[PDB]
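Chemist: Residues per chain, in single letters:
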Amino acid sequence: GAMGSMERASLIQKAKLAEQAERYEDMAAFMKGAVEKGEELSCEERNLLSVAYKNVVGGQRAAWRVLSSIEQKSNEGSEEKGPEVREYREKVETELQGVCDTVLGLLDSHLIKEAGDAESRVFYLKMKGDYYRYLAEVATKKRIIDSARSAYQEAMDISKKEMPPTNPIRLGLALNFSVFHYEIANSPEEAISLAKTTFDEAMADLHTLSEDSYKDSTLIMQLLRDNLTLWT
Amino acid sequence: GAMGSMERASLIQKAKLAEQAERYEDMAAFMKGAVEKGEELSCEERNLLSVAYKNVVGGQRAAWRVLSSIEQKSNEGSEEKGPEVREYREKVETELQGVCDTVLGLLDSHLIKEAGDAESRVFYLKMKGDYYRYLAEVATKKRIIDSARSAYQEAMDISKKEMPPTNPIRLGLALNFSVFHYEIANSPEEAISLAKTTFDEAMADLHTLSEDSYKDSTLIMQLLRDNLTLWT
Amino acid sequence: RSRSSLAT
Amino acid sequence: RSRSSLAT
Ligand SMILES: [Cl-]
Ligand SMILES: [Cl-]
Ligand SMILES: [Cl-]
Ligand SMILES: [Cl-]
Ligand SMILES: [Mg+2]
Ligand SMILES: [Mg+2]
Ligand SMILES: [Mg+2]
Ligand SMILES: [Mg+2]
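Chains as they are written, first to last, in the numbering used here: chain A, 1339 to 1570; chain B, 1339 to 1570; chain C, 8 to 15; chain D, 8 to 15.
If you are wondering where the hints come from, they were derived from the structure by calculation, not from laboratory data. Be careful, since some hints might not be right.
Computed list of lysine-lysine pairs in BS3-like fashion (alpha-carbon distance at most 25 Å, straight line) [unchecked claim]:
#1 A:1419 x B:1354
#2 B:1499 x B:1553
#3 A:1498 x A:1534
#4 B:1419 x A:1354
#5 B:1429 x A:1354
#6 B:1498 x B:1451
#7 A:1375 x B:1429
#8 A:1354 x A:1553
#9 A:1354 x B:1411
#10 B:1498 x B:1534
#11 B:1354 x A:1429
#12 B:1375 x A:1419
#13 B:1411 x B:1429
#14 B:1375 x A:1429
#15 A:1553 x A:1534
#16 A:1375 x B:1419
#17 A:1499 x A:1534
#18 A:1411 x B:1354
#19 A:1553 x A:1499
#20 B:1479 x B:1429
All chains should be built: construct the whole structure from the sequences, respecting the hints.
Modeler: See the structure below:
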């Protein structure tokens, strides 16, 4: 693609510049180019990839929700305004699906299969679950939901065997899987149970951590607690 | 172009949806398509065009400033990091210039020449000044500065003859021309004089206005006052 | 309203 | 730092 002529290190450098400039579409394109060089990604590089695409799809998801809400209102004594709301919601939806398909394609070709360490494999499987979850949010679907579930479950199984309960990757995975249960899978009790158990097992392991690791873990634990407060 | 097959009214409708969804690039593309239908724009439509492109170029300008600052820091005991900062600043700069050229092209073909009423003609000439000003911010230039000056001056001459001193278009034009003087033309005294005179002449005309028009005018007057406080 | 992992 | 007309 268009990044084929740029050095891997230059793509990484420019991804960091793009982040500083809040140019997340550029950041994602640079990181896609870096992945396509075919080498494995370091921890920092994995995080750049994740930040870039999370910001891109996050803006698409927010736009899609605005347009979907307008579309649902039009379908209630509502005056007919023609096909335009549906058309434009479909346009944004198709672009969102394209970004998800792009990320899933990078994971399948070939990030996941080359990821042998727990930290990398769990990271990528969580990403797979997340981007299938974003596809599920707009799907009208059972197979997409099962694909998200399967990726999250494999990541959970590895994380429980290979990582301590305070590990930020493990915590963020559990957080997002709990959101999947609550918002996608119609399983609020599973969401609540997962969030509670994750929080409590992390609490009990905080004593092993340095000041900096304690800050990292407790930040994510607070999101679990915020959700539990919303859900109960 | 790609909007050639879409109805004018549908483009306007979708521009409004794009605004609600904060999808300003889409909004601008829809409004470009509407302009290219060849009919004059209403007041509301002119404002949609302006909002869309101001938001697009505003994000580019902010990114350009981040990257330019990093580039200037690298050119001070600074370790050599290669061509990447310059290359990426140039990429953003070229995209910014392209958006400005697009807007200026719409104004020249054929919005300005068909604009006969003061409200439309002043609006478009102000836009011309603004987008030449954005080109001047990145130029390394005398001719660009003179083009901005000339457009603003023609807009000022019409606005002073045809609009009351509280008219929000006239006020916003004076505000932006004063910014041109201060930030582009190295003329802070002219900037201060223009802002002061504009503010004082508007003050004296507020008594003629309704409650709603008073709110509209005083909001912009506050920006003139904020700048005067910064500049003096 | 549910919070997922931060974009960062 | 100078303020120009709002994007809106
Ligand atoms: Cl559309
Ligand atoms: Cl396990
Ligand atoms: Cl570049
Ligand atoms: Cl005059
Ligand atoms: Mg190489
Ligand atoms: Mg490996
Ligand atoms: Mg027609
Ligand atoms: Mg006319």
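Chemist: Run every hint past the structure and note whether it holds.
Modeler: To see whether the hints hold, each was checked on the structure:
| no. | hint | verdict |
| --- | --- | --- |
| 1 | A:1419 x B:1354 | 13 Å, holds |
| 2 | B:1499 x B:1553 | 23 Å, holds |
| 3 | A:1498 x A:1534 | 15 Å, holds |
| 4 | B:1419 x A:1354 | 13 Å, holds |
| 5 | B:1429 x A:1354 | 15 Å, holds |
| 6 | B:1498 x B:1451 | 20 Å, holds |
| 7 | A:1375 x B:1429 | 22 Å, holds |
| 8 | A:1354 x A:1553 | 24 Å, holds |
| 9 | A:1354 x B:1411 | 16 Å, holds |
| 10 | B:1498 x B:1534 | 15 Å, holds |
| 11 | B:1354 x A:1429 | 15 Å, holds |
| 12 | B:1375 x A:1419 | 21 Å, holds |
| 13 | B:1411 x B:1429 | 19 Å, holds |
| 14 | B:1375 x A:1429 | 22 Å, holds |
| 15 | A:1553 x A:1534 | 19 Å, holds |
| 16 | A:1375 x B:1419 | 21 Å, holds |
| 17 | A:1499 x A:1534 | 19 Å, holds |
| 18 | A:1411 x B:1354 | 16 Å, holds |
| 19 | A:1553 x A:1499 | 23 Å, holds |
| 20 | B:1479 x B:1429 | 19 Å, holds |
In summary, the structure agrees with every hint in the numbered list given earlier.
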